[PDB]
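K.L.:
The chain contents come next:
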Amino acid sequence: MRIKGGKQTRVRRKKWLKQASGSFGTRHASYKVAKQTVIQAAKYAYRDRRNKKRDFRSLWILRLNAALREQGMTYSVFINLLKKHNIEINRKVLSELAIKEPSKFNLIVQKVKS
Amino acid sequence: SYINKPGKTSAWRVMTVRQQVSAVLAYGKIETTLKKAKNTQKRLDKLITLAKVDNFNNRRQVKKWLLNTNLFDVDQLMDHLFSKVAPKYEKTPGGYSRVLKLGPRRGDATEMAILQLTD
Amino acid sequence: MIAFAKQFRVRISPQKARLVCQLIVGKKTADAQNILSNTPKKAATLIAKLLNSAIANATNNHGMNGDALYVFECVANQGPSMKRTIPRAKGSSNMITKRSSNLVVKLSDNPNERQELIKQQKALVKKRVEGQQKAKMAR
Amino acid sequence: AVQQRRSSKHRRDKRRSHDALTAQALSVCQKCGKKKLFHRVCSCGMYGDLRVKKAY
RNA sequence: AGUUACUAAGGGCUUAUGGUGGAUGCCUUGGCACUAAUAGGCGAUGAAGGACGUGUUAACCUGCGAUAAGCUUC
RNA sequence: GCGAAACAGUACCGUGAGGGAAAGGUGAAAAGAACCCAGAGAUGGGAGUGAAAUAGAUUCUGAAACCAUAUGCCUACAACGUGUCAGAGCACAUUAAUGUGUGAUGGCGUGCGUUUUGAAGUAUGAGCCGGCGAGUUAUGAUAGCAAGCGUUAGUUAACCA
RNA sequence: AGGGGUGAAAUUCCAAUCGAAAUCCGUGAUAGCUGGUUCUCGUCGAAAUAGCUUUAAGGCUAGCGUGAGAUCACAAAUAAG
RNA sequence: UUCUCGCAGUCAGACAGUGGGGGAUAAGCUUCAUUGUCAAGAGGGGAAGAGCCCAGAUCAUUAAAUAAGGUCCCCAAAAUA
RNA sequence: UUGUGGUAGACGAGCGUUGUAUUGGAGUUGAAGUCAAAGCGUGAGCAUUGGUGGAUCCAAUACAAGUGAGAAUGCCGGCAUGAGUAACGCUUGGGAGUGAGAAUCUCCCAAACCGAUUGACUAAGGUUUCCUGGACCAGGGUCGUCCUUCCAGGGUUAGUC
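Residue numbers (PDB author numbering), protein chains in the order written: chain p, 1 to 114; chain m, 2 to 120; chain r, 1 to 139; chain y, 2 to 57.
No wet-lab data here; the hints were simulated from the structure. Incorrect hints may appear among the rest.
Distance condition first, Cα-Cα at most 27 angstroms in a straight line; then the derived DSS-like pairs of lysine-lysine [claimed, not checked]:
#: 1; chain 1: r; residue 1: 49; chain 2: y; residue 2: 36
#: 2; chain 1: m; residue 1: 43; chain 2: y; residue 2: 54
#: 3; chain 1: r; residue 1: 28; chain 2: y; residue 2: 54
#: 4; chain 1: y; residue 1: 35; chain 2: r; residue 2: 27
#: 5; chain 1: y; residue 1: 55; chain 2: m; residue 2: 30
#: 6; chain 1: y; residue 1: 54; chain 2: r; residue 2: 16
#: 7; chain 1: r; residue 1: 16; chain 2: y; residue 2: 32
#: 8; chain 1: r; residue 1: 106; chain 2: y; residue 2: 55
#: 9; chain 1: m; residue 1: 102; chain 2: y; residue 2: 55
#: 10; chain 1: r; residue 1: 119; chain 2: r; residue 2: 134
#: 11; chain 1: p; residue 1: 14; chain 2: r; residue 2: 49
#: 12; chain 1: y; residue 1: 54; chain 2: m; residue 2: 102
#: 13; chain 1: r; residue 1: 126; chain 2: p; residue 2: 18
#: 14; chain 1: r; residue 1: 83; chain 2: y; residue 2: 10
#: 15; chain 1: p; residue 1: 53; chain 2: p; residue 2: 83
#: 16; chain 1: p; residue 1: 32; chain 2: p; residue 2: 14
#: 17; chain 1: m; residue 1: 102; chain 2: y; residue 2: 10
#: 18; chain 1: p; residue 1: 4; chain 2: p; residue 2: 35
#: 19; chain 1: p; residue 1: 83; chain 2: p; residue 2: 100
#: 20; chain 1: m; residue 1: 36; chain 2: r; residue 2: 41
#: 21; chain 1: y; residue 1: 54; chain 2: m; residue 2: 36
#: 22; chain 1: r; residue 1: 27; chain 2: y; residue 2: 54
#: 23; chain 1: y; residue 1: 10; chain 2: r; residue 2: 122
#: 24; chain 1: y; residue 1: 32; chain 2: r; residue 2: 27
#: 25; chain 1: p; residue 1: 14; chain 2: y; residue 2: 32
Input sequences plus hints: build the corresponding full structure.
P.N.:
The following block contains the structure:
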């Protein structure tokens, strides 16, 4: 009862190598190497998915504090102004996108006056 | 190094030069490697220069620069030279022979060239 | 416009013929003969006959103009090789490969058929998508 | 001394890039229809246009 | 003076064309295990087995044996 | 699968005892590429038989590793286990979908198994690719779950139809 | 002619190899030492401590983890006294 | 964290703190007990660091409060006296 | 409500392939295999389509595995790499002719080496490597028109050795 699994192994390696593409040179030509490349790429993609949300808030803090200190006030001042009175849910990204919205940031700065 | 080919030293080259000048005197045209023609041109021109005078001292001198062939002997080549070739080139100051670059050899693609002479 | 001619792997290494034919590829036929005659290579002799046979086939069998023909592309493929043994010092043996190369050439009479193959592939993918989408019509 | 790691196809091709050859020379012979390279004889029995040998 | 056209000797990515290798897929005058009946030796009248020879047919396999790739009786 | 489907203990090796090879598939009928051209021929191209020559004797197909080839894009101030998250622009248009290819440039990032307290490791193995490649069975016991029977029942070893 | 021969002796040679040649078998000898051991997923999930050992690389028992059952608050912990 | 049952696994630990001994309160050293970590579990701070600090990760978020820790720039992150 | 770090290790639930067996279907109006493209899946996998392809399969269920390949300094086979790199393993030229093709073929000429040798009778051995005609796929460390290479035809003769 000889049982051959050549076709099964070939199909498995084919579907494994189908994921790997666009590598450097011959790297997307070896099954064993491409396996490690795919696994490492997946792990690093998970890491980037975990940390991009971590760094985007800091990016928006930079991009908004630029405008704030251009008006003569730190990002800390804006956070305090939001904190004590008239607490808003407007996100740091959306408040950063208000820069992309013309004639809007002035409305916020005049509104937060107290 | 230890036992190997004996090489192609300058003595072998000059012996081949004597052989080839004898051959070209016998025929008047020789096809071979260009580099050897370049070296043998000077000696051939000197022999032609010494062939104009036909003096027994000069005969003895040129005796040291011929060989034995089947077309003619050393004496036969010498007398044929001194009879007809000597007054042929008595009017030009050198440049009695011309080397023309032929096509590369089949074997090692050596640049072939033909040495020829005419009036 | 191909007029291909094959020789089916005479003994020649690809490393030696690839560069020279790519140097000669992409030009007319007469100048190709002139430069190949002035080429001190075994590849020159091996390819002169192939070029002449290809020109003859294009003119006679294919009826091509010949005056507008040019060498379309080199394809110097992996021809089957030979394995031999050689004595080696200290009483050993070594294996050496005698390499050969599949010989085949293409000739184009037009500045195209590079994009015509693209048209053929486009028709092929269109028939593919047609076969895929008409399956959705079985509702 | 010996090679430690095997090279790559692209790297070996970049190395072999200098193995490529340049174009040859080509001159024109008028009386004998032929494009013979420069400072060479003509197969029609001549060198350049000066007849010096047999037509071979 | 400042931006990139244009550069690529060559290489890389994407796409397919052709080439080697017979991998995979399909099959089997082959091997393997058996099932049930027989049988369990040959040979000095010189065995099996080899070498040799034999053909309109060179050589191999095979058949046979100078009566020789075969005969006689039924 | 017998080493041996193939003229196999043949080829071959060691003096020699002895050890010990690989390989099957045209096609339906050769119905074997007639005729012509280049070429000394081989070979190739037309041409024909043949449904088919993606069936041409390398004759069921022709995968992977490998070799080129070019569509389009990018690369010659460039310190990256070579990629990720993005992304200008370019060329396209699919199992039509925030599409695909590709990336000037920004952020981030020192392989796989291995055994050790442990390796990006200057610890070891791995060039790659394709197949193949290593916890079965015979009996007996124990444990778990289910069942049959079930308070002298269950069950046959062997043997026979 | 190999628990043999041979050896102006050196553990020399015995088919380029020999503290005792090669060949086939017992034998698939043995390997506390190396190396490897090929589908997916879910849940729980320690130790490198102790004793013994012709014993320290190993092996046996404990403790520990895990799974099934029961105990199920008198048991066990966490705080207060 | 009780008992029984089945399957185990580990003894070649290391590091940091405390109390030590030996060594020299020399050694990233040895021997110990205790408190935590890695082993067997990643992350941020710590210039990058298995055992230090904060801390215990189903997955997706271009959402918020934060811990350690930090705010001239590289590099998000404040000033007054 | 606890939740979804985890090696060893425990436990549970499934998937893929072959064959057998029953119920089915497709198939020269194209099956499988193969390659490709821009799908579905928690994953074992399932597809869909294009074409090679030219006759086999797939779907549902139990039973049984030469059943599930990432390494074993794994077995074989193929392929690069190194790399046009060292070497070509004790050596010249000219003429004429042939040859499609001349450093390598033939003939002639020379030059050079040994000459108690690079001489010759002949043994062991090789066991036809011998000769002629034709040719040069397989080897000639390139070369080949030639070779001790291949085919065809011949060839060693004893009373005194």
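K.L.:
Which hints, by number, does the structure contradict?
P.N.:
Violated: hints 3, 6, 7, 8, 11, 17, 22, 23, 25.
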